[PDB]
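With one protein chain withheld, the remaining protein chains of the complex are depicted in position.
Residue numbering begins at 1 within each chain, and the chains themselves are lettered A, B and C in the order written.
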Amino acid sequence: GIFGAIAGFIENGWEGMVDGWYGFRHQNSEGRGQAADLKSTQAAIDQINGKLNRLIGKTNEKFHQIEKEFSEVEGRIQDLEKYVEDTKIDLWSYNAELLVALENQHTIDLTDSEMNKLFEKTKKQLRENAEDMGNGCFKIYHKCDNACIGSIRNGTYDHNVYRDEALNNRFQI
Amino acid sequence: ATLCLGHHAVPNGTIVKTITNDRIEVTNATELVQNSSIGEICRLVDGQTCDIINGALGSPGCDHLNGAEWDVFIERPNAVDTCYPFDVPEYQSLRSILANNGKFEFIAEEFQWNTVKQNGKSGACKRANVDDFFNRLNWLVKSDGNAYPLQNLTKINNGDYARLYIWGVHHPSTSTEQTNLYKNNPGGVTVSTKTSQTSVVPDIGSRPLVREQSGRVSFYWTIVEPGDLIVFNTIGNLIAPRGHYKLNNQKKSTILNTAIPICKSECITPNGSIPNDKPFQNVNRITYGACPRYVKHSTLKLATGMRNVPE
Amino acid sequence: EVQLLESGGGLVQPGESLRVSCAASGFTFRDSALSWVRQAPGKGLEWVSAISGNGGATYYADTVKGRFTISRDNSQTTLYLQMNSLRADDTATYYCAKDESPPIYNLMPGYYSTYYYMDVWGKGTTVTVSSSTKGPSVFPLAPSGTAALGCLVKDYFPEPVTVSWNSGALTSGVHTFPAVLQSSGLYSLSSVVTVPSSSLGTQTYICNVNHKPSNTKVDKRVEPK
Partner (left out) sequence: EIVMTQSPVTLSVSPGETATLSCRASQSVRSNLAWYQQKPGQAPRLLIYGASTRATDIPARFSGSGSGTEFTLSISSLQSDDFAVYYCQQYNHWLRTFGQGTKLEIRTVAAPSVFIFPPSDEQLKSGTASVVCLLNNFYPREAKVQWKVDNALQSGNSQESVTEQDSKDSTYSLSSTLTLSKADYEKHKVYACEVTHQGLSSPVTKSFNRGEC
């Protein structure tokens, strides 16, 4: 993707994450855990459903048209009827091909974008209390139990509470 | 502590095409091209043993078609002739008009034919072992007094719909059959409106034996618009109408010849009805109804998930 | 069986709060969406809100955009709706409705598919927002081959009242009409019965009126006068 998260600085996806598209994995004093992020998951899903809504269940009614198969050679007029239909099919076949190639490129880019947004949002939350390890992981420079990790995931983390502990750990020898 | 951000992945990914890459795996995709039909056409009217032409003439076995209305007339390959041997000089054009019109609404009319006998029947067109005929047609023959006077009859149209009159000319096998049936020799028919006409001279001769007959009937038609009128003129061999069919002003129907047996579906193809949830289809360029658009590709996968990155 | 049951509701003063429960029982695994729809007697339907998965909705109508809040408790399988800052026009029969979507949508089973249609409706709970309960006065509509007689049930609040005749022994020919709302804000309705003229003199007719909201119960004998 153009943002460089998915198939980028995030080395691979998690097959064990089956309750969401994006999420958090942590390791602290109490153990190792995994939790999905619902808002970013839903944001991606809503955009994809928006595309589907434009494409699925919206066909157009046609009734009496022209003949498109012929049992006898006729020449001029039949050449014209055949050429008209062949022209139309090639133009629709082009539209369909480009639509899928374009939407797919965009779908892959929007899903990569949602991953990047979640990472950036988390980074800002942690302020000076953590450092980006470059693989989608943050090293958090303070004791962070399950409730602390939970507060980060649900956007209630107060960085000021830990800042002194974190700064001392980060900036030493 | 450590906090890692991530995304899901699946073991069973799907390959899709993008602008920059022919083959890229995503977690999920959906198909945009409908490639199959259930093989049935889900308003249909089954002609069964009557093709649309004997249906219109009212041959034996076709009575079930009386009053029928259709979007698509289903005509069967194993349909068979059950009446006097006939042909239609512009067969495909008459078949088109009947199919396109989309209904069999027949309006009986009284024709005051003079002197001549009506309701001639034939062994080639048996109904319950009794000699009969096309029930929309009226076979005129000479009187018991051996008379077939010039017929000269007029039907005026001041209804609000165009009328379709179907009529025919009989071709006897021999001069004897000609005189035995119509006295005069030769016969002759002229049917005309204000602006159009058809004139036919019978052609006497031996044709192959079909249901015991060497003669033939050739059928013709005349359309009579509102404010126009039709004149029938004969000195013999006329196979007269018993009335006319009503034509819809707007003709929106058609016919499909198939052996496939007859559900609810909006899109019809000659292969059968197809679902219309997908925007495109690969089944047939010929369609009727709310249909996906025909394209040449057999498959087109739309990604519905992120790039799949396992390990 | 996919029926749900709505509990709660009642009479509340404008400005107060009230939450209505919806016991989602049956086929619903409660990974599907649910919605609330209110209707006042004398008005049509109106969609109120919706819920999805966990906290994906967040979907409220503009009428209640800043007042109503929708809760979901999947552990006890009950849907809630906290109706705060209730106004006069909030008086309606709040229906809890199932939500179904075409299978092409709803990619992840839990989250919201932004195209839902309600299939299984609930029994509904009536919520009245006004200022006191009052039992009816019952007056005879006296008969004066076939005669009509009846009872006028007047000046009660809120709906409903029930009317029977001769303790339910008289059914043929009975018509109990919809109540009308008077300018005082109280309801009035009539119940009538047609009977043989010849029965007036031998047969007693009594209308039995029950107004459960005020636990009031009246039998009124209707006599020719």
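What to note about this one:
Here, contacts are C-beta pairs under 8 Å (C-beta built on N, C-alpha and C of every residue); 3 or more make two chains touch, one makes a residue touch a chain.
The chain not shown here is touched by just one of A:53, A:151 or A:169, and that residue is A:53. Contact with the omitted chain, checked across C:84, C:130, C:194 or C:210, is made by C:194. Listed residues C:66, C:109 or C:178: the one in touch with the omitted chain is C:178. Residues of subunit A in contact with the chain left out of this view: 53, 56-58, 61. Think of the hidden chain as still there; on subunit C it touches residues 37, 44-47, 59, 61-62, 95, 97, 100, 102, 114-124, 137, 139-142, 144, 148, 150, 152, 154, 175, 177-180, 182, 188-190, 192, 194, 225.
Following the convention adopted for this analysis, only the chains that are shown with their structure count from here on.
The mean-CA centres of subunit B and subunit C are about 58 angstrom from one another, to the nearest whole unit. For the pair subunit A and subunit B, the distance between mean C-alpha positions equals 54 Å. Averaged Cα coordinates give subunit A a centre that lies 45 Å from the centre of subunit C. Touching two or more other chains at once are residues 104, 107 of subunit C.
Touching of two or more other chains is recorded for residues 20-21, 48, 52, 56-57 of subunit A. On the subunit C side of its complex with subunit B, the touching residues are 104, 107.
Those residues of subunit B whose C-beta lies close enough to touch subunit A in the complex are 1-11, 16-20, 24, 26-27, 30, 32-33, 100, 251-252, 254, 266-267, 276-280, 285-297, 300-311.
Residue ranges of subunit A in contact with subunit C, taken from their complex: 19-21, 38, 41-42, 45-46, 48-49, 52-53, 56-57.
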